[PDB]
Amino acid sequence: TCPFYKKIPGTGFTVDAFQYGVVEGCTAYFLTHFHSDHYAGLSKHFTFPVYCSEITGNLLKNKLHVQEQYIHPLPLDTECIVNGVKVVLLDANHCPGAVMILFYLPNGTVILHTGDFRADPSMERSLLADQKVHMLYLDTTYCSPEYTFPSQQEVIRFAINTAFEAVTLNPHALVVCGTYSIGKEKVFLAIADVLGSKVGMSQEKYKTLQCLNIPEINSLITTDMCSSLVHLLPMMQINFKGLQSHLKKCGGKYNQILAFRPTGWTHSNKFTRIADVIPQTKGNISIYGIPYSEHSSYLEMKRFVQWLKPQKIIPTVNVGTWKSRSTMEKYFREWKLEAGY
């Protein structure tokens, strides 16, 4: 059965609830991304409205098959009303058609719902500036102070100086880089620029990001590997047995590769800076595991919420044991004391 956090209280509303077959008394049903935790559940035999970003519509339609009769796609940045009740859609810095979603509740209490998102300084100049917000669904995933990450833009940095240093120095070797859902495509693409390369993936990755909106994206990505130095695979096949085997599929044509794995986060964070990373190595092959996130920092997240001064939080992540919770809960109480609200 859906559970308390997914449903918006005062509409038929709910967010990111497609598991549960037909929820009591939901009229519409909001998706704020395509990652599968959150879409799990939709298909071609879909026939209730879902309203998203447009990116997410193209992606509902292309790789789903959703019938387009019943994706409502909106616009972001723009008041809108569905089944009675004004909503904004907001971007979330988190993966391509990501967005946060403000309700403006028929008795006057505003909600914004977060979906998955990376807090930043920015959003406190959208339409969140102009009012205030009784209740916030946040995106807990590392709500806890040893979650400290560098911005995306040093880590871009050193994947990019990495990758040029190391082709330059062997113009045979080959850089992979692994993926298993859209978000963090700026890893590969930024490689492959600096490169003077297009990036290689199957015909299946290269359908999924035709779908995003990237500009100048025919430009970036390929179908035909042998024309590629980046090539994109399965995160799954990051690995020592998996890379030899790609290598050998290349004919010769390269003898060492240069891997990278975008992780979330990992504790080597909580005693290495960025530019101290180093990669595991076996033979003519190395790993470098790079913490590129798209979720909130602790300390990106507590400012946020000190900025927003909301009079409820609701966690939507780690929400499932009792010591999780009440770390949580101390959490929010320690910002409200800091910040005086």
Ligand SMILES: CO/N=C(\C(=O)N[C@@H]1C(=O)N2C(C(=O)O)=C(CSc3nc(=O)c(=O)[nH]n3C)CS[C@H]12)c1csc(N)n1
Given for the second form:
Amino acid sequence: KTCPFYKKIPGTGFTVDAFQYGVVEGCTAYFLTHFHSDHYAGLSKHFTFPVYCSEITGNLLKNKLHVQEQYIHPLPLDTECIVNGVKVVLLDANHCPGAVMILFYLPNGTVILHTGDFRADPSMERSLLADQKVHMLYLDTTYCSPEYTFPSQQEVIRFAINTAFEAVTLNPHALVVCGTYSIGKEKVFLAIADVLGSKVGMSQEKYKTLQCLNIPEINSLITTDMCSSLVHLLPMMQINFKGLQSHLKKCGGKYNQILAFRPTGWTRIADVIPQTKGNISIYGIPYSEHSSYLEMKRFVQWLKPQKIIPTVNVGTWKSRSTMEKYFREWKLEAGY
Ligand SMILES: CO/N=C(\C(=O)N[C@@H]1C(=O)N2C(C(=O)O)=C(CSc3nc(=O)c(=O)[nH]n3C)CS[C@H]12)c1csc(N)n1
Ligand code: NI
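What about the form deposited with the named molecule bound, after the form deposited without the named molecule?
Okay, now the whole complex, with that chain kicking things off.
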């Protein structure tokens, strides 16, 4: 495949999250917004062009994908930087650790925001974004439809902490399991382990990944000694009745209950009822690191871009058409 147009920044030689197309012709610099596999797809130890990213993303490139250090160009956040003759700023995307949005200040006075993947927040409206007009927006449209309503991260964490704390205080032999398949959503397991006074147990591979994320005091919070911990991280693929029944056999049968948390259910918060089989309960918690529809709408209506380019769900005519209809509705409502 060749690089799609929505991964190219016009008036520049820049691409964003475009590593799976080989040598992109006329690309002078490759930006990586965050360390999720659809975005880094293609990077390896044999990559020989400059990669611009956050420090955390660079740590993950170095240690997990074995990208050579000479090609990793970490940039600080909230700082005007010049990359191949163009002023850029990286901003926190409120996504996963190391995830950024990129502001490009084009020679002709155009300003472009690329959100990477993000969860829009009103905090962004009082940030550096407020200090200049932004003309073009490359937008994370993951949940650009009104049925995507889910609660705040804080509300979801409140539910998870309360559920776990109650269960473990009632039954000291209970185990909490959190599923994972990528970086992001670390707050779920860290918050639960904090309330329980436990470290989070995990594989060496997961431990290594977390050690790349610049989380303060991380050494006090995580461990590879599983049976010393009340909170385990497992691959998301194991979060099912058979997988958790098998896990219950570990640590000499020390545990007699599992409460597992699986991020899901995007389409009150107390109405989260688990799927239960005997002493295993699986809670499908709607913890998202992407904008809800209303969050996305608010951000775009505040920013008032002249042109929106979706970067997600662009593969079907139906999805493209429906997104463009929402953008038009938003524009007409707000008057821009
Ligand atoms: C709230 O849970 N949301 C989940 C999820 O983790 N679902 C659970 C899961 O894997 N479940 C399974 C089962 O084990 O097959 C089932 C199937 S019912 C069942 N399967 C058995 O194998 C068994 O021995 N007894 N019973 C009764 C119900 S949903 C639950 C989810 C959302 S997306 C995704 N892939 N999973
Ligand atoms: Ni992502």
